[PDB]
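Engineer: Here are the chains, one letter per residue:
There are 2 protein chains.
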Amino acid sequence: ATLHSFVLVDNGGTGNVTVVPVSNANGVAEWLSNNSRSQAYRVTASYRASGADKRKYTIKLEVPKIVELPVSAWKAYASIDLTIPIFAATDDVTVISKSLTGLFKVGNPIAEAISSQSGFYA
Amino acid sequence: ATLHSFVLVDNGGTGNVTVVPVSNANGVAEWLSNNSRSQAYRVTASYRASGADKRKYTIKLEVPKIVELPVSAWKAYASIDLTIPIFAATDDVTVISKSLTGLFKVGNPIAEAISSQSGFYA
Numbered sequence: 002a003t004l005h006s007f008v009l010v011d012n013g014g015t016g017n018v019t020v021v022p023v024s025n026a027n028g029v030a031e032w033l034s035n036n037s038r039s040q041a042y043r044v045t046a047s048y049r050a051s052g053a054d055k056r057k058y059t060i061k062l063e064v065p066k067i068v076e077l078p079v080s081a082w083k084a085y086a087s088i089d090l091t092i093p094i095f096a097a098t099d100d101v102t103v104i105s106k107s108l109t110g111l112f113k114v115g116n117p118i119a120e121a122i123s124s125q126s127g128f129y130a
Numbered sequence: 002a003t004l005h006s007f008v009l010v011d012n013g014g015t016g017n018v019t020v021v022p023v024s025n026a027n028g029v030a031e032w033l034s035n036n037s038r039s040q041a042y043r044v045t046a047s048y049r050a051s052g053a054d055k056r057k058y059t060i061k062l063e064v065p066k067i068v076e077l078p079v080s081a082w083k084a085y086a087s088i089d090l091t092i093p094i095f096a097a098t099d100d101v102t103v104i105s106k107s108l109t110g111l112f113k114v115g116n117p118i119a120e121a122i123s124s125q126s127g128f129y130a
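Protein chains in written order, with full-length UniProt numbering: chain S, 2 to 68, 76 to 130; chain P, 2 to 68, 76 to 130.
A portion of the hints provided could be inaccurate.
The list makes no distinction among identical chains, and a pair is therefore deemed to hold if it is satisfied within one copy or across any two copies.
Here are the simulated SDA-like pairs of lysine to any residue, each with C-alpha atoms no more than 20 Å apart in a straight line [stated by the list, open to error]: (1) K106 - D11; (2) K83 - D54; (3) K61 - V23; (4) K83 - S34; (5) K83 - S37; (6) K106 - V29; (7) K106 - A130; (8) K57 - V8; (9) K113 - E63.
Because the hints were derived from the structure by calculation, they are not lab data.
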């Protein structure tokens with residue numbers, strides 16, 4: 002099942018965040034941490050076709066900060089649109105995922121930049 | 002230096018993909034694999050202010066899959089927009105990354121969905 006509960010944040014066992022499936026309504030897949038709107042981790046995902054030869058994916062993530077904001081959004085917002093051409097059932101496309109996870113890997117440039125409130129400097 | 006070479010694809014030593022900073026054209030960052038246009042792994046990144054109290058990140062990725077298309081290609085295209093408000097120097101926001109990786113961690117609903125050329129079903 003593609004729609005199943007998963008650890009979104011892995012702190013190594015203690016302080017893990019689990020998002021559970023709460024909807025699959027007319028296209029949109031929705032995951033949600035067991036919190037109140039304001040404090041909940043969110044994941045939304047759709048899957049459609051882009052023109053003739055490709056498939057499109059629209060993912061959205063909302064992560065709250067620990068620490076004006078009754079129900080107000082002191083959340084970080086992410087939006088991903090991955091457009092991949094249709095491939096034969098025998099092909100291996102694990103690549104894109106490993107590249108995505110490679111982007112946000114801790115100790116990597118971009119991962120490091122998001123943490124310093126910094127840009128990309130030489 | 003945020004503009005520093007990194008491993009985007011980690012295959013456990015043999016067949017890793019290193020991306021090197023090639024430009025920083027007065028804004029956008031750009032990492033490329035030592036390959037000809039057609040076959041290279043590509044990364045880009047902007048960093049700008051979104052209104053009064055937040056900042057935005059604009060990341061795009063091109064994942065060539067060795068799989076008509078000479079210069080045109082079986083490229084997987086990703087595009088991330090990450091809106092994050094202003095946070096104190098002392099603050100820990102590493103949860104953003106941890107979340108980003110979670111989402112694309114292999115063995116997870118999403119990594120699993122982009123493989124089978126599937127959507128979110130039960």
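Engineer: Indicate, hint by hint, whether the structure satisfies it.
Structural biologist: Hint by hint, here is what the structure shows:
no., hint, result
1, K106 - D11, "both (17 Å within a copy, 7 Å between copies)"
2, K83 - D54, "between (36 Å within a copy, 12 Å between copies)"
3, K61 - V23, "within (15 Å within a copy, 30 Å between copies)"
4, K83 - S34, "within (14 Å within a copy, 33 Å between copies)"
5, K83 - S37, "within (13 Å within a copy, 39 Å between copies)"
6, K106 - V29, "neither (24 Å within a copy, 23 Å between copies)"
7, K106 - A130, "neither (26 Å within a copy, 25 Å between copies)"
8, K57 - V8, "neither (24 Å within a copy, 26 Å between copies)"
9, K113 - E63, "both (18 Å within a copy, 17 Å between copies)"
Comparing the model with each numbered hint stated earlier shows that hints 6, 7 and 8 do not hold.
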